[PDB]
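Take a look at this single chain, the form deposited without the partner chain, given in structure tokens.
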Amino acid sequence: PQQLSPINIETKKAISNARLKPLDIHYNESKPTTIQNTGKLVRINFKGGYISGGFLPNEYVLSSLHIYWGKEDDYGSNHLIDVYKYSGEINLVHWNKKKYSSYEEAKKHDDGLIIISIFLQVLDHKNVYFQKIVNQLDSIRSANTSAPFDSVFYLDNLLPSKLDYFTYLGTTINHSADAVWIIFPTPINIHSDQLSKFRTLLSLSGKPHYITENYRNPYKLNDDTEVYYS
């Protein structure tokens, strides 16, 4: 069967494979175009950027960034590692443009999508790179809104300090497609004030309510889903 995402990664059960070389991340050419409050989450759309190397058959192009958080700073990510939840989670969605015609075609195949997870950890540290995103939220307060992302922003500045990863075959968080996940256990550090600003965003209409949390609870791991560690 499909493996529904997200999941708890049990580190003692993760397995090794020579294929798991470090990823080659190439966000030089990445530029955010617009930012949106979809009524569920914050999405930033990108033009440019790709990942390659690692266990990948070829390059996958970057398309979008999603952000998830919780009601409290200590409980906000989608994925867990050994039943530890981080403060929040960024997902970077990439698709197999080499093989498929559009993201919509790519979504239909288990080699179509690769999603990178970067955890957020609230640690009383104002993160100047993450602040670029925070400082756009005032423009997308209502649900189903869009704004130009004008500020210069280098996506590679949100990469964790260490890029070892877990990988498994799961699904997108809305379960509309299979997706291979690349999960970095090392989080990036942010400040409580920064995460707080996401909770000002409004849901779709009773009347709209604050999106105080938008993570999805984890699903059980299928007996035949293997989790690899690089």
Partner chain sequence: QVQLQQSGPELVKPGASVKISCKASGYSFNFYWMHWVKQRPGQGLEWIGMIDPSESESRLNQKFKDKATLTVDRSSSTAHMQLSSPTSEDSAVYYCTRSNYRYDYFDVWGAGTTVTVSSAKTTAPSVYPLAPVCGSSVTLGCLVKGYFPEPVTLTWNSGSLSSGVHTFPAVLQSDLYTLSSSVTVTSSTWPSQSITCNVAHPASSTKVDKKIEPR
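Numbering follows the first chain given and starts at 1. Only residues modelled in both forms are compared. We call the rigid core whatever largest set of C-alpha positions still superposes within 1.5 Å between the two forms. What changes on going to the form deposited with the partner chain bound:
Remark: with the core as the superposition reference, the CA shift of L221 between these two forms stays below 2 Å.
After superposition on the rigid core, displacement of the C-alpha of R19 between these two forms amounts to 2 Å or more. For residues common to both forms, superposing the rigid core between these two forms reveals a single consecutive run of 3 or more with all Cα shifts of 2 angstroms or more, at 17-22.
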Contents of the next structure:
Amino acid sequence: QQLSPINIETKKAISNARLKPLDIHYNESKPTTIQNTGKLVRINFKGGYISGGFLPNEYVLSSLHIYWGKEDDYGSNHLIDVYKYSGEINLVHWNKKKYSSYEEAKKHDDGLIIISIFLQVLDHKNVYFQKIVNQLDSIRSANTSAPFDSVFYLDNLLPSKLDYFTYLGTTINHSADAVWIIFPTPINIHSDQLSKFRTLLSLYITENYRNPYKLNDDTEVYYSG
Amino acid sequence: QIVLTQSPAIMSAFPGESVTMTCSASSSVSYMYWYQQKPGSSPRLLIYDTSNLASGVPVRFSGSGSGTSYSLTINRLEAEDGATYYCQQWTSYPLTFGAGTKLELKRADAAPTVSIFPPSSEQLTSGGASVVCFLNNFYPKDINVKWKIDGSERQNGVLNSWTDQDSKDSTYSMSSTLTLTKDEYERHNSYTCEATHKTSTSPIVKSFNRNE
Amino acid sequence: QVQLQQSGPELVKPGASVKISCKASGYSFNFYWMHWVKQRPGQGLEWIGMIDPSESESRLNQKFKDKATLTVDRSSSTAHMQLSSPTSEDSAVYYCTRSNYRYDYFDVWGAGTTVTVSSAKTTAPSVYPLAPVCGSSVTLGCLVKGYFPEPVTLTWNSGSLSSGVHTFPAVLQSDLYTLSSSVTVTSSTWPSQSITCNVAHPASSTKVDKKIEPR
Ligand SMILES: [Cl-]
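Go ahead and give the structure of the form deposited with the partner chain bound, now that the form deposited without the partner chain is out.
Next comes the full complex, this chain leading.
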């Protein structure tokens, strides 16, 4: 019922300080293929899941999506207290326990859980994030698909702090509803690593983030500290 | 879904007048959007994000509102603004539009120019007979046409069509067609189209006798 | 130029599926969501659904869940909408429109594709001249009777005569349309110069030119 993305107002967030901790199992996650969709970068995965949290049961990882802007100043989708990061990784998970496929999960408000990891541009070359920029040479055209070149552990792309905000919203392209898990703490990357994304053909792709929507009266943002 | 109610459904005003149309929502909308559709054309963006004018939209247009109540105002109407205006919300899916406010123009009262036409020879050869009456360039649009045959009123077989208000002179035109068979047509001599309009107190009568 | 080009008028047999198309040019097709909007003669605008061209992910208005199927042909930069098992309720103008990737507005619209769902027969019109009954000004006419489906086009003197013209919207009776057009000229113009109404009904491949002769 809430269109994504949003500005998260920390002063309005509801503290849920009795939740089970969030359990991330990316040890068995393996990247299958990488896509240039013409609009964004998609990395598909097999294996790996997340458990609650607020989660009624576990949700399997299916894919990763990357967003940026034309400046290292302004590129993420979600904001926190009107602060926009350089970029945003979205990790899509689906309710395989309840529904037979992703396609059936995408039609329900308890089918998709998306994890948001922010990208902060600094003077720090991320060796783990690099494993992704290297793939970019294979997928410059649109829409192209290539096998993910070599060894990569998603676990390395996790933030150093896993406190998070959560709310019921939608996919970034609005195609379906989804619950968001959003870490305020970003991972750090260099300008040289992000700029590579802007050299992908879109038919020229300088920016692909979406502006935020007003929070609806009945939309709650919960914080797990 | 969010239901948008637009009032008034239909309205008119003179050029230079101020016009306000409202869009009420069944629940709160973050931003209202406004589309202008001229007759025979696709909708076209006029206002976005409640109060921002689309590129090239004249400064006489303005949008306003918040929550469940929004409005569009034309400050100094112009004839070219004749259109149906739709509000639209982008707060929840499905996206929804109001049913529109149809806006038309006022001008000075104008009497119709009335012409009558006997069936053509070519139609008679096919066994049908249509009698056509054009009532052109009148205002207001409210008009009554009565067909008479040999003095008697005829209601059956009458079809009417009104043009869209003229975008240059703000008048309306109407076509009235009486369709009989060739057999019925030849059974009578006097055919009359009688126009009743507020311009004259007496009806405007056009008539012909079948065999001159 | 950034432009959205829609397929021509469709007459569709009830229950027979129909695909209509929307060819995009002048911009990056994958980057903007394409939407479909339905407009019935007296029913405002209805949002059918949208599709994200980059991955063909679509969202449909539940009102059209079993009716409309949204696809894209990325190679040909063309969005498609299919209507399954059409009924008379599916007769309408269908617009494709692009929403801006950043701003939530529809910044490009097609001319709209008219879809008529009916088992009424394709029928050619008869075109009849309307000459005046046997000062300063004269109104002539052309009557275009008994055709199906819409549209017909009507010009006067191959379009050379355009002011003083009133072409009346068609009226539908008993599966057939009838339309008329009046033209007003100075009495010194007609009949010393010919006036000819030109009529096309593409569905019946009809083309006719009727000179208005004095009675
Ligand atoms: Cl790694």
